[PDB]
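Chemist: The primary structure of each chain is shown beneath.
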Amino acid sequence: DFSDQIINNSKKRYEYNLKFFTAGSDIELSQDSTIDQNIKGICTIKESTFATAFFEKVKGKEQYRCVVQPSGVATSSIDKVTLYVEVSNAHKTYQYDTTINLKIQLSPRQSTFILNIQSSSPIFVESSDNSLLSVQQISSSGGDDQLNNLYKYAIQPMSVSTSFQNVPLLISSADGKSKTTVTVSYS
Amino acid sequence: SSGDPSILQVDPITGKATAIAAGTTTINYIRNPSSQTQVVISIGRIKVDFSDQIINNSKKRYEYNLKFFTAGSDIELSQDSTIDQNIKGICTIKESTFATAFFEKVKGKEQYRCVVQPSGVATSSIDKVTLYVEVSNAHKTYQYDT
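Line by line, the protein sequences give chains 14 and 10. According to the authors' numbering, the residues represented by the first sequence are 1623 to 1724, 1739 to 1823, in order. According to the authors' numbering, the residues represented by the second sequence are 1574 to 1615, 1617 to 1720, in order.
Hints in this document: simulated from the structure, not taken from any laboratory. Wrong hints could be hidden among the right ones.
[Stated by the list, open to error] In silico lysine to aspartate or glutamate, DMTMM-like type, Cα no more than 25 Å apart, as pairs:
no. : chain 1 : residue 1 : chain 2 : residue 2
1   : 14      : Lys1662   : 10      : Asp1658
2   : 14      : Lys1662   : 10      : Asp1584
3   : 10      : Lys1714   : 14      : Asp1780
4   : 14      : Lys1662   : 14      : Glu1762
[Claimed, not checked] Chain 14 stretches covered by chain 10 per the calculated footprint, using a threshold of three residues with CB under 8 Å from any CB of chain 10:
no. : segment
5   : 1639-1653
6   : 1668-1676
7   : 1741-1750
8   : 1789-1795
Here a beta-carbon is modelled for each residue, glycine too, at the ideal position from N, C-alpha and C.
Whenever a hint applies, use it, and build me the whole structure from the sequences.
Modeler: Structural data, given as structure tokens:
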């Protein structure tokens, strides 16, 4: 029972209630305080390292839950946060389970530099001056580069007749929030 | 046992444990004499070691040792043989065709390295032999580079 707990913050726990039903008739088991249903279980995350999980019994009831806690902030390289849950009786005479989604310098001997930048969100890279400087994205035709989340930009003087200093290259994430500046010279 | 099975799940018998979340917890020995160890889970830095290997010969390899550290606290990871830190990585050269590089795990340790091998002799058309290194866990749930 999700309780609308969309995973958006690592400084929160995501605490998902469990309900358990009869084989062949799908009737929910009695949650009463005179009973222990003798239930054990295990919760984990599958496919992704973005969160950890565990199984918990609500102290003083036949009420049970998954507790999930993120390790970081999500990247684009995460389709899903696959929850896994096993339940068994205290002796494991059976098991049953489920899976559910949750500076630079340039010269007449080195007229090109290559700026490598790692990011899971797309990256804009700009010159403040496109009359002294040339900037171009390099197309990674090997798939090895693409798996590394590694954006690449060629950086050049716009003429080999005009030396310059400290011209700011800009760098920004495609949500506008993360920004960096790299000053460039040609000599 | 574990002090928190959601940070660090453990087998009650064979002592095998898996680092599930970033954080701090314990592993406990329940039998007399009863004992414990704390455990911490976190990569946020690379160091390369040069070992004075100046690139002067195309018939030599230049084999640069890697060290890896926590996020925020910059403590080096456990190089122990009861562990696999589950690390992958990529090494390349940038800006210059004067050399090639790759990533290597030292066979039988949690020790890792770059290996660099030149293509020729250095011409005056070369400011640098810029090394690049990426590291990630085996699933790429993160990447980090230098």
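Chemist: Each of the hints needs a verdict: does it hold here or not?
Modeler: We went through each hint and held it up to the structure:
1. With a C-alpha separation of about 30 Å, the suggested pairing of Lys1662 (chain 14) with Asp1658 (chain 10) is violated against the 25 Å cut-off.
2. The suggested pairing of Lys1662 (chain 14) with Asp1584 (chain 10) holds, with an alpha-carbon distance near 15 Å, which does not exceed 25 Å.
3. Simply put, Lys1714 (chain 10) and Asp1780 (chain 14) have alpha-carbon atoms about 13 Å apart, close enough for the 25 Å limit, and the pair holds.
4. Distance restraint check for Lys1662 (chain 14) and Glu1762 (chain 14): the Cα-Cα separation of roughly 57 Å exceeds the 25 Å cut-off, and the hinted pair is therefore not satisfied.
5. With 0 residues carrying a beta carbon less than 8 Å from a beta carbon of chain 10, the segment 1639-1653 of chain 14 misses the three-residue requirement, and the given coverage is violated.
6. With 8 residues carrying a beta carbon less than 8 Å from a beta carbon of chain 10, the segment 1668-1676 of chain 14 meets the three-residue requirement, and the given coverage holds.
7. Counting residues of the segment 1741-1750 of chain 14 whose CB falls under 8 Å from any CB of chain 10 gives 7; the rule of at least 3 is met.
8. With 0 residues having a beta carbon nearer than 8 Å to a beta carbon of chain 10, the segment 1789-1795 of chain 14 misses the requirement of three or more and the stated coverage is violated.
The structure shown violates the earlier hints numbered 1, 4, 5, 8.
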